[PDB]
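Shown below, as structure tokens, is a lone chain in the form deposited in one PDB entry; questions about how it binds or moves come after it.
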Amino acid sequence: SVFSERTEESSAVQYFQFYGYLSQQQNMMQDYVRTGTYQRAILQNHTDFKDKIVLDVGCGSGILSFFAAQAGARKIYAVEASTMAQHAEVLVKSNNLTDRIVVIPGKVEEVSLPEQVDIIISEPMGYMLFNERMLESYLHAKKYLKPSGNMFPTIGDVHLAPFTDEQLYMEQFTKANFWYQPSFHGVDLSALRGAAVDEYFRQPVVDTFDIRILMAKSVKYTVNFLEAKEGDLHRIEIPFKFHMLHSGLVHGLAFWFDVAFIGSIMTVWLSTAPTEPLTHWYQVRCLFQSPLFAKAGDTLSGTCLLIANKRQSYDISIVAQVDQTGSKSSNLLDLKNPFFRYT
């Protein structure tokens, strides 16, 4: 299938096992910004669901299917590849919705639907929006969508902005300098210090932060889920040209995302920006190997290239330079192995 050719089976097994746990469902459900905004987006756009046919891609416990039923949907096909599908079926039975919600266990790329649907709903967003590569399954599901059907969420915006965080940067060497000692119990570890530094810098930092570390207004990359194709997510090139609002040392780029539910009645936004209440997506920061000095008015230009890999994530390549001085930096990061710094 399209999923199998895209995914190492060892990665897929560990991925769907992770989502088989009720504790993981609970963690996402207790995110009030997340769950509450999805409910409002669906209920306040009730005409997009009243007497409609709905597909729920990756329904988990089925909470979005229940919101679609609260909004008056006639039939909801809830597809889930993890063992959580068994628990969703129990909830559909116990909530007396067997006539209106049909749980289909399996991958959306491999299951069969009895009919085309009017609207697709899903939560395909990972870290930095794209992590987990679930957006491809979401777009793949458009093969079940009627010609003028809708999608909830409809569009996604990824934001990038340069930041300064001297303490976060120096922290990488503090940790790596453990190896810079000539007699650890009699052993000289110093030859591995450089490898330790490289390892820490390859890790994106999943964390929240104060918005005053940002040094320029964000740049935005938009995906229209109604138009985008699966293949458009294999290689995501995000050029940027920041006009620096503040002078200082740029230590990397910060990432966040917003999705929009564009309904017939209204548009509802779900935002993970650092100016908004914290969600379980937090924000993501990728450090530069070498910081770049920039003064206010300067321009920091470069490219963030996301290359999809078969571990359901992306290799991140960031290149940046201060145009006025020519000093440049780069970094290669593995979005699959982030550092969860928040406490």
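Positions refer to the first chain, counted from 1. In this text, rigid core is short for the largest set of C-alphas that superpose within 1.5 Å between two forms. What changes on going to the form deposited in another entry:
In the overlay on the core between these two forms, a shift of 2 Å or more in CA position is seen for a single residue of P239, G186, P114, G231, which is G186.
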Second form
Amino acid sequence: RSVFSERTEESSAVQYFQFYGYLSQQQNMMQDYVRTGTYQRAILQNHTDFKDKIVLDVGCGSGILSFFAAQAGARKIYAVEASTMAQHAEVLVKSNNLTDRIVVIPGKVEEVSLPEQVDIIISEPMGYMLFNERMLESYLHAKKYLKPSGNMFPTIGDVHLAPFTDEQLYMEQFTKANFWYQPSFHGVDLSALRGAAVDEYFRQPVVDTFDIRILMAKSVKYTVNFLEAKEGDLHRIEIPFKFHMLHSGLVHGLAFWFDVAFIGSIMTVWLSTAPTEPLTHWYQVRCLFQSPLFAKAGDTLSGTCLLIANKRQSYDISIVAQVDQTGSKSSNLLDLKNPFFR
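For comparison with the form deposited in one PDB entry, please write out the form deposited in another entry.
The next block holds one chain only.
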């Protein structure tokens, strides 16, 4: 038993690595030009952190990030990949004549053996809302192979949270749920299930983008330092928040995005998924409240976002928010493994 298998239901792992075994899914991430181009900039503009160094690429996929490390002058790159994509990465290593520098290691990073410790770990392990897929834990786990004072690319990750107003989205999800309000669907009363239906639909995080003008307060930031954090730190993530409301109106939920920073010796390069920045394949994520909170400009909205990691490689989300001046309170539970792609 490995740390991976201990925290992961077999059914989930099967589907997860089957997904990433598709060339079309690797293509989809590769063609996110913001993502791939920002990773290339981070590695090449910090070429001194790679020159003549030993590298680990956690979850290499096609090999693309290991190719960037080779371009930057790395002496040896261990490219670990658990899906059958590892075989395709090896094909590209050979066809690009980089067999002397990139070594594909098929398997899970929690289970493979490497010949030596490495100077720097590179990975793209970010999911929706940063934490979906639980691959940041594999990235942190890989630090067992990192030399003392080695680096991590990316180095830190910032989760941003902000309240938003969007009656249209709210009513769109409520409308779907109201199917189960019908007292005579082909003669059948469904209404005893209305409550269960509302719960189910509002447990789905909404993945899409939006106009920044729907944000009702400056975002609160929660930072994970990948040089310092341990695997276990991500099992239960408690994010307290206190928003100073800039606009009056209905708060329909919290919007989430994330940034990661590559803190290299030459420069710090940021990859942002904020709604003020060009769109990525992560979009942004919104967690709806089952009923909006009313707030005036100048009020404070206080609470906690609690993320509990689950064995399906995702998170159970609890959001409790309160308008401090009135005691108006909202408690909501979301399943990050059942998003609504809007």
